[PDB]
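Listed next as structure tokens is one chain, alone, in the form deposited in one PDB entry.
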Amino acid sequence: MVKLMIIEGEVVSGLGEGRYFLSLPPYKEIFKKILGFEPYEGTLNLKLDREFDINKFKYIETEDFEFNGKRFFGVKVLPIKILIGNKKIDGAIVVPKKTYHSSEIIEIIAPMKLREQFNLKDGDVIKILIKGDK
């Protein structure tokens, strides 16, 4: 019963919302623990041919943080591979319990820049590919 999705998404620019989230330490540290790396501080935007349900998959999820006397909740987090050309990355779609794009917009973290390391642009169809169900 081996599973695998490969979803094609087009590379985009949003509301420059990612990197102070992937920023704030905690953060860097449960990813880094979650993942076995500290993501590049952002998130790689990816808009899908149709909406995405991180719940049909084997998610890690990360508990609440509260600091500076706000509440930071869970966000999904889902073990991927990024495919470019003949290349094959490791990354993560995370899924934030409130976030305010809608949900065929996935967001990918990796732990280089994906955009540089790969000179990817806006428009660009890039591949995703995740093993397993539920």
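The term rigid core refers to the maximal set of C-alpha atoms that superpose within 1.5 Å between the two forms. Numbering follows the first chain given and starts at 1. What changes on going to the form deposited in another entry:
- In a core superposition between these two forms, the Cα of 101 is the only one among 76, 101, 47, 81 shifting by 2 Å or more.
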Contents of the next structure:
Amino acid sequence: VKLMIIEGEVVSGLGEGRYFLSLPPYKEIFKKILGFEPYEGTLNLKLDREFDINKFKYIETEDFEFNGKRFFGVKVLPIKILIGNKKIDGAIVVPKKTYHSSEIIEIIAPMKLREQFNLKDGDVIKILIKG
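Given the form deposited in one PDB entry above, I would also like to look at the protein as it appears in the form deposited in another entry.
Partners and other molecules omitted; one chain follows.
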């Protein structure tokens, strides 16, 4: 086991994180796994290379039905979010089935990080992950 520190650049998406994280079943999944109710959104970070989550120990949930529609399970990887000298509880989240790795990762946390830590696009933060 190694603790890895990785840097990423804050970027904007199309608001997808707030869609999913506001849905009751996803809220419940994250609350149970992580022990906090995430702020409804994902802080999207651009890394210098693709992130392969299958290189880490994560929890994976199954697809589920909500109000007549099938939704995808998720892979959940606990992290610490490193902003200055603060270590903030969070997680990396990826859809259960992805067909390649991405240099963009989605981070969840108990608070809105942009608001609490004044992050803007292009700001670089770090994350700590058990590998």
